[PDB]
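One chain is shown next in structure tokens, namely the form deposited without adenosine-5'-triphosphate (ATP).
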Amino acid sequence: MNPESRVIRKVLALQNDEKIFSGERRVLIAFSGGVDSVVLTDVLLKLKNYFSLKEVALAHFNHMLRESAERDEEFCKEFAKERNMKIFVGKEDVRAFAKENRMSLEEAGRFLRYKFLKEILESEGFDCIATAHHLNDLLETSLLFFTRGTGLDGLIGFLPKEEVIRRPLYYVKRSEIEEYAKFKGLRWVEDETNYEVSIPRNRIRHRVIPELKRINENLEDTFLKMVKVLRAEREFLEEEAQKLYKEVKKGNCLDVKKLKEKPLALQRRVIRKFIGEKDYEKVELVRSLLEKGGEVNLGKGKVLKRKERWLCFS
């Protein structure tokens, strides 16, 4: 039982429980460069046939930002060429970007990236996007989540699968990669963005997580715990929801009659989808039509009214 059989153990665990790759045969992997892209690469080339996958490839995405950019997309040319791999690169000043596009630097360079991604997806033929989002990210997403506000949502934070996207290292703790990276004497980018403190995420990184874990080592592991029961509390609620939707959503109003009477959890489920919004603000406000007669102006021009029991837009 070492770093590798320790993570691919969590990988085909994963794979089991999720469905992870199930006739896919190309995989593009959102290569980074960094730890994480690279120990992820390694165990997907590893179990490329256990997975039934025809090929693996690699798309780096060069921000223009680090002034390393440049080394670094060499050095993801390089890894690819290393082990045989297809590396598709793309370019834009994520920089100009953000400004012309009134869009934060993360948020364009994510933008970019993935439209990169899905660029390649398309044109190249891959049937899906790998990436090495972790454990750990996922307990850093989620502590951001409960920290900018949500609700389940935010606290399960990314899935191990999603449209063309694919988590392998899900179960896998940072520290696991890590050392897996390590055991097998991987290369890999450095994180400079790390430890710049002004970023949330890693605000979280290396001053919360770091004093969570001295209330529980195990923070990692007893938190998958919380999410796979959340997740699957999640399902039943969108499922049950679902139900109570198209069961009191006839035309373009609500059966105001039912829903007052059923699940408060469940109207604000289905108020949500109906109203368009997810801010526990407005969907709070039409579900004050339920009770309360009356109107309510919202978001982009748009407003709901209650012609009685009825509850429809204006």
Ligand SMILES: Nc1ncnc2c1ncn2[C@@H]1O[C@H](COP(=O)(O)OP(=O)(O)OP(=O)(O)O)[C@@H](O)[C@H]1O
The other form holds:
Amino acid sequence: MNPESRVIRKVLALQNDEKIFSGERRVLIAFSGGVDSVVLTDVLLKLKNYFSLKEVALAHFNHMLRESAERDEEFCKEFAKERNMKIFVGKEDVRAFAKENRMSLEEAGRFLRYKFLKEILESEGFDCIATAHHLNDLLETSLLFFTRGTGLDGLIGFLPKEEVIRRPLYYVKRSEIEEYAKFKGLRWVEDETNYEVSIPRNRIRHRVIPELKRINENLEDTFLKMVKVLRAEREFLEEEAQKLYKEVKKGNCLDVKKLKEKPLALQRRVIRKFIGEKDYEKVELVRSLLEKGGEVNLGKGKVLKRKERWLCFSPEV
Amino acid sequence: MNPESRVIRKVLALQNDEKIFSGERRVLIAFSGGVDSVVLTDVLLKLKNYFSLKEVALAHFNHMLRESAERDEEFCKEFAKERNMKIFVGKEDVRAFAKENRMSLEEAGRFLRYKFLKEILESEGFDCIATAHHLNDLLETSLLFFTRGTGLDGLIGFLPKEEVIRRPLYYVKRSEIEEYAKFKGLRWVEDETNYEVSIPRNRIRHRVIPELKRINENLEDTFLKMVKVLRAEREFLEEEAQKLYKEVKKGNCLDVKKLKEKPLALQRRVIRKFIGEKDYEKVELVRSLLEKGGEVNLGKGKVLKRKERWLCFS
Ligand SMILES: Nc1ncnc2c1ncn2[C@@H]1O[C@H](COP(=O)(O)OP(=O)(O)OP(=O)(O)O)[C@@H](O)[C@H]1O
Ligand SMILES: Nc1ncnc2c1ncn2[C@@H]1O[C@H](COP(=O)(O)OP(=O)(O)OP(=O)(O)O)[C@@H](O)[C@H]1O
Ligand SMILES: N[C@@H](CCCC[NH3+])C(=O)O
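Given the form deposited without adenosine-5'-triphosphate (ATP), state the structure of the form solved in complex with adenosine-5'-triphosphate (ATP).
Every component of the complex follows; first up is the chain already shown.
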């Protein structure tokens, strides 16, 4: 099996399993100019009719942080022309939105790259946005949430398809993306967060994963099976969660007595939703009010009390 | 708060949260001679009456692997004599046992160790075994499972109470254990197995975890919160998985019709229980029969066929 089919087989597999494209007609690619983006594009133009797409276009965002960005942008317009594709370029100063909004260069650009994409989508009439997220991004992300503290959501990471976003390379490993770009002799722009190990994701990618791989070289593959199991168990619990939530709220309060003899796993999913907080301690606080009567203060004036069959928000302040 | 009250309260909290001890009278301690063993022993002797324990004793296994072995065994007896405790000591040639049985060394020791402990437990009339596992073993354990492939079970790691085994320092960090020992002026044996990054556990312990704490210095406490959550979620899934295994398994079959209209999460759970295998692959091969005709060959004669309304065996 060659590098081409090794990627295309996984993309088709993903399509089967998740129905990545099932009616969408116009696709907008979150094109960065990077290998994964280039390979993402090469694969979609090769499957354009297979997916019954009417049009595939690029959308590049110039964060204006580095100097190369000016050059990265040139590559993208060129690439688009070599492909005879439509492309929308966007220029914004993260740094000047991440300063006048208290933001890390990163987070601020994320918001902006997306705003522009949502923009390009709803305005130009595209049905969805395709991203180049791949299996290693999911490994790093998942491991980050594990590090930062989390539950199933973080362990699952992002999904192959969520609302308006589609991630065709979800099953593909970075090395497979790399091998395919070389095999087909594609050109792209290098990785210049190439080792700014000061950022967690990058520390995980360059210093953690390589160690874990010294334990299990097929970590990514082994990692994928675990996510499939968890996604399902999560889906189920979240499903049961709504069952109980509604089985439980009255308007603006929660029925302690009914929720008191329900499974802990579920009580916690319910509280989490009632209060709009995922923090473990805040959850336990509110949970304690199920047996004990009284008050608990969470944060933005989120104060909850027990009437006595009920557990509500205090209206004060 | 001092290094002692710090650890003591976490043990009292684990006891309050899990009922570690609740009728046991004679505890046998899996005593390695290392810090954790030593702090475990010191905490049980101090909380003996509180837990209503009639006796606490030490069990030390000489793996015969390291050169200090003999010496350490001696320290162990002296540690016992010092606190006027019984000490049972087992010795076996792990090394050899592995070669005449096809076992690496991790497994060999493990096998003989626990075997030795269960024998003392029975021939000495002990109710349970107290191990010195701690939160950092848990964190190292769960990362090993996340690396080798796993589900909730692996992520959760060992539990505070599992059968005959007890783990009173489950909530305690290795750092707290080390401060405890210095504070109370305790003596212990050197862990000459830190090094060897060849051992995955140590590679995680020395290379992986350190990098993670540079992202979150509170990794262990944060990991614990995650475990508690995962545990109750896992409890609910297994319970719901029991109901379904009973609502669908009628004989040596599974009511496809009923099991096909239920949650994937559960299906796999039902399948896993039915076919006795747990790996993702077999379960999914078997799982397709709920939708496609045919039969499957998993292991040693483990083959299942799909009838019109039933997924039974051959
Ligand atoms: N300059 C860009 N213009 C448009 N889209 C981009 C650009 N950079 C990245 N993307 C899109 O976002 C995806 C993820 O990129 P990257 O991992 O660098 O962002 P992150 O912010 O680091 O990740 P996430 O997007 O997971 O936060 C890329 O694969 C691509 O689909
Ligand atoms: N030589 C020994 N004699 C008796 N008990 C021991 C000995 N070594 C270890 N133990 C017990 O086993 C527990 C776990 O030890 P450790 O985790 O270092 O070994 P492992 O091989 O990693 O064990 P597991 O695989 O059970 O974690 C120790 O806390 C102690 O209670
Ligand atoms: N260096 C640590 C660990 C030594 C081995 C402990 N069993 C200490 O002595 O505190």
